[PDB]
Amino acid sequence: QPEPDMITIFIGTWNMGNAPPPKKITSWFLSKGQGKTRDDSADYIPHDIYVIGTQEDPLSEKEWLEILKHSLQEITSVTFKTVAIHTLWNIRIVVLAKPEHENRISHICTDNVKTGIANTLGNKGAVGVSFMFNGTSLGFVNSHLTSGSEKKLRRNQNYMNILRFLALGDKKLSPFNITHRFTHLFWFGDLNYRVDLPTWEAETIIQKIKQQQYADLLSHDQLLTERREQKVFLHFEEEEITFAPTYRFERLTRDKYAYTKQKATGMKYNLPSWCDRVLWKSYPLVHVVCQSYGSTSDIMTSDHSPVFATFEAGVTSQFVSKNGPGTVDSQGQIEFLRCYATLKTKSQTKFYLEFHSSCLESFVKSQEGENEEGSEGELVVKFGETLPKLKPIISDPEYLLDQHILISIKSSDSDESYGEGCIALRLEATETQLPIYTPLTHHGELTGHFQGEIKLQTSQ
């Protein structure tokens, strides 16, 4: 039985509005409704992994697991295995996988982050799951961010607290947050970003939605505009939105948006908005293709509609050679020429690099770089030809070209990372000097860049 080089992943997000679901929710898992929908000819084909995020979920874990597993069994005739389930208040994540994957999945991790302080600590935050699927690390985050049209900055703050403090994936990757720990990271939820148009334009917005004319609405979507200004979700992707706003509906129909201010809303308007979203970030030059992104039309218990997204995701096998794991493979090496970091810091300490990768027996510290001043004020840290030669555990190009090197630039004075990035070994050539580049981030904000050349030797 061959190991897969691709899997498909279902991501669902649904703010259930504290109400039990209706008796049939299969349209969600089938990616049917509005937007980019799944072909009918695939309806009996199970996805490999289903990841379900709920918010305002009134059900017990047991109650929701029974509904999810029975739904999938009805669709696919497969009894899925529960990989993980984690709940913070009424925010929940469930991971289900086909039984054939049970012995491909390991290192399962769950965590949560509570956002806000005093007043604002008590119902918002995130839950997440990570695991290995054969040689590939997968992370999943379900967040319920701060509500309200005039709180986009709070949402952005909630995002940074979540990516700083959610403790998923390999703890040995200590300089790295969740935005660097996984081959594929999916972040979804009721992100709560709104269409920022004047309240007086509510009926105009509704008209546009009825005409399926979303362009003048999406140009005011706060998540797209905050992302375009690099205020949130730097380096994450989102499929184009081609479905109507998923909030705020009258319950038991989808014929009406309920936008007007009410005591129950704190006297706030809820103009129709794309609150419910799926984004991803995958390492450079790994296969990831969104094959559906939409909302259901026939699940009406909540004031939100469920959102679905599906992905093809490249995966790798758990590689064993005669040499590594358990030793190095002398026919392999990774070399670095003409390398330098450009940092935005106003500080003057020495810096060194750390290289982390599951192709190395353990992480590698460089010598300190040489600081110079950039012609536009920057700190440039020069490594020239001084970086260590990295010794991979396996030299076989079918393994090594699929790997990635995480880079942290660290202060000599404090050993704190000032920037983190990732370099793919999926090169155009081996034994050839080739340009490399990554942006550097810290707490998910841009802090600099790392560029230079690489020379990769494999056994071929």
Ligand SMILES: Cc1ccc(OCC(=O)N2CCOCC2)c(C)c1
Given for the second form:
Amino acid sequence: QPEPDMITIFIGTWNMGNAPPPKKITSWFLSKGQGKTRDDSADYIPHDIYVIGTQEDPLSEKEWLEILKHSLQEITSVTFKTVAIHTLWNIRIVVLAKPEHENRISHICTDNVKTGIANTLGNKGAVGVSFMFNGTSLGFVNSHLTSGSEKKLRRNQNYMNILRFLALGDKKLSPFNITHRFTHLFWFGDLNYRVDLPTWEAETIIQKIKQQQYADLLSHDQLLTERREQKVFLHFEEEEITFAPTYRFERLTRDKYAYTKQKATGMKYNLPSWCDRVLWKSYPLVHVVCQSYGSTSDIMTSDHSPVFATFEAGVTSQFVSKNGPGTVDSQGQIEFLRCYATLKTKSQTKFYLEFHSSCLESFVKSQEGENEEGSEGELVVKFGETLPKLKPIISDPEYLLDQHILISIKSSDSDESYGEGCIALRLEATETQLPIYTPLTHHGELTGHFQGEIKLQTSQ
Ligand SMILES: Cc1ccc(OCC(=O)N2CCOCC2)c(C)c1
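Can you switch from the form solved without the named molecule and show the form deposited with the named molecule bound instead?
Time for the whole complex; same chain goes first.
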């Protein structure tokens, strides 16, 4: 029975509003309602992996798992296996997979981050899960960020705290945060970004939603505007939104948006907003295609509607050769030519690189580069032709061309990373000098660039 080169992944996010779910929630897992929806002809075809993020979840883990498994079994006639479940306060993540995937899944990690300080510590934060699916690493983050229309900068801070401190994936990738540790990273939840229009425009916004005219609302969505200004979720993707705002509804109908200030809201307005979102980041040139992104219309126990997103995701097999794993394959080599880093830093330490990849036996530390002054007042660190030749464990091009090299540029004085990035080995040619490029980030913000040429030797 062959190993897959593609799987499908369901991502769900639902802020349950502290209420139990209705008896039927199958529309969520079928990607039916508003937006980009799944074709009826696929209804019986199970996804490989289902990842369910809840916020304001009032259920026990047992209660919710029973509902989820019975829902999927009704749809698919498949009894899913529980990969992971992790809850922080009322924020929860569940990972279910087809039973045929049980021996494909390993290295399961869970973690949480609590955001805020004092007043603001005690109900917001994130839960996450990571694991290996054959040769592919998968990470999943469910975050419930700070609420309120005037707190977008707090949400951005919550995002940075979560990606700095959530401890998922391979701990040997010590310079790298979760935005570089996975082949595919999915980040979803009640991100709580609002449509930034005046309170006086509430009824106008409602009108627009009734007309399915979302363009003038999406142009004020705080998450889209913050992402365009590179304030949050740098280098993440989001499918186009074609569904109505998923917050704030009167419960037990979807006919009414409840936006007016009440004692129960702390006398805050809740204009209709896309609070409930799914974003992703995959390594360069890895197949990832969003096949649905929408909201349900028929689950009305909460003041939020559930959101679904589904993806085709490229995966690779657990490769064995006669040589690696357990030795190098001398028919393989990775050379970096004429490389230089450009850094936004004011510092004047010397810098060195670290190369990390599961195609290496262990990470590789370069010599220090040569600092020069850039024309427009930046630091250029030149490595020339000084970089160590990397010795992959397997030379077969069917393996090596699917791999990636993570790069960290570190201070010689402090050994701290000033920037992290990723280079694909999915090249147009082997035995050929070819341009490479990655942006560099640290704590998920832009700190520079790395560019140069690569020359990849495979056994072919
Ligand atoms: C499909 C699959 C499911 C679980 C699993 O390992 C983890 C496990 O067995 N757990 C017990 C129940 O709670 C979560 C942890 C693996 C390797 C594959």
